[PDB]
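Listed next as structure tokens is one chain, alone, in the form deposited in one PDB entry.
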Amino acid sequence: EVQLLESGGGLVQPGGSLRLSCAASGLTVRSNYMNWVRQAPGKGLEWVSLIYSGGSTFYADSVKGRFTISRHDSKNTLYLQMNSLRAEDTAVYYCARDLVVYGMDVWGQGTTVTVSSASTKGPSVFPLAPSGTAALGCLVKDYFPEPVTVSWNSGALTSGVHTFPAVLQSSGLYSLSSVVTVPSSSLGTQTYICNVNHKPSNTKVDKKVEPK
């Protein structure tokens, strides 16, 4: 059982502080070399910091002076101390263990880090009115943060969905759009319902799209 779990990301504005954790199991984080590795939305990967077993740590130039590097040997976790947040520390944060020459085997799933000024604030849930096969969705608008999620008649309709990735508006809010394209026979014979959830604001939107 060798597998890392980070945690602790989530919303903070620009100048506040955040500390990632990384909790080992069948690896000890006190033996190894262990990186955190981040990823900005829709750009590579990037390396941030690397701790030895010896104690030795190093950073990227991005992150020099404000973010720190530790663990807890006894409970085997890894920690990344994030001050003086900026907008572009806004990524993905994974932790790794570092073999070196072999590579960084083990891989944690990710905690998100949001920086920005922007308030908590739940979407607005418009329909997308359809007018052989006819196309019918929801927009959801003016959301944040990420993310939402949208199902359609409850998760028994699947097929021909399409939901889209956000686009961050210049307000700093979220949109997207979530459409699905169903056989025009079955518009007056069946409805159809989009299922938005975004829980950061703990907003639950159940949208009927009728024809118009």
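Positions refer to the first chain, counted from 1. What changes on going to the form deposited in another entry:
When the chain is split into two rigid parts to describe its motion between these two forms, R66 and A40 fall into the same part.
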Contents of the next structure:
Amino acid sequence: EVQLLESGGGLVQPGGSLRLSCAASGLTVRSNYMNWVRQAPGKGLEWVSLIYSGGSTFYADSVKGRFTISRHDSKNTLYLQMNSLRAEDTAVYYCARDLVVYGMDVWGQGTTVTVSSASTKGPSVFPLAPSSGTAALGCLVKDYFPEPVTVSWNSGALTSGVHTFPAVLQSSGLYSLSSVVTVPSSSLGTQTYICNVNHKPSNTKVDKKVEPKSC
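Show the other one: the form deposited in another entry, since we just had the form deposited in one PDB entry.
The next block holds one chain only.
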């Protein structure tokens, strides 16, 4: 049973530091080429750092002078010390054993690093009220930090036609998503619709009724 178990990711502010750990089993970190590969949200894979069994280390230009890869032979663990963190360092970080010509055959599950100067903040839930066949209504979950939030409708009884969109990061440093549902227009005046928004990082639970807007 081969496994790379990563940990250490979490919330950090820009300029701060953070150290990731990659506990291996089924292979000897001291004996291998080891890499760190990161993936910013929505974007591709990026190689970050490499260490030889012989001890030589190599780094991507975007992290040189700030990151340090290292290991602990006894603990069979690979490390990544990240200093002077920046918002663009926000990503999922994977460790992988590297066989160069034979590829990176063993990967970890990843650990998430979020770099921001924002403070924990619950969302404001605004209605997306239908216009006066099928109607659309929704909830705007605006201005919260950090991720994630969960949005259900009618306490999980309404799932058909629901789209909960990926959040966007606004220029304020706060996230903002929308969650909509399409329904037959006949049921606007007979069925109540309530979105259930949960923001665990702040223990914020909001139930917002969405009704047509009367003049």
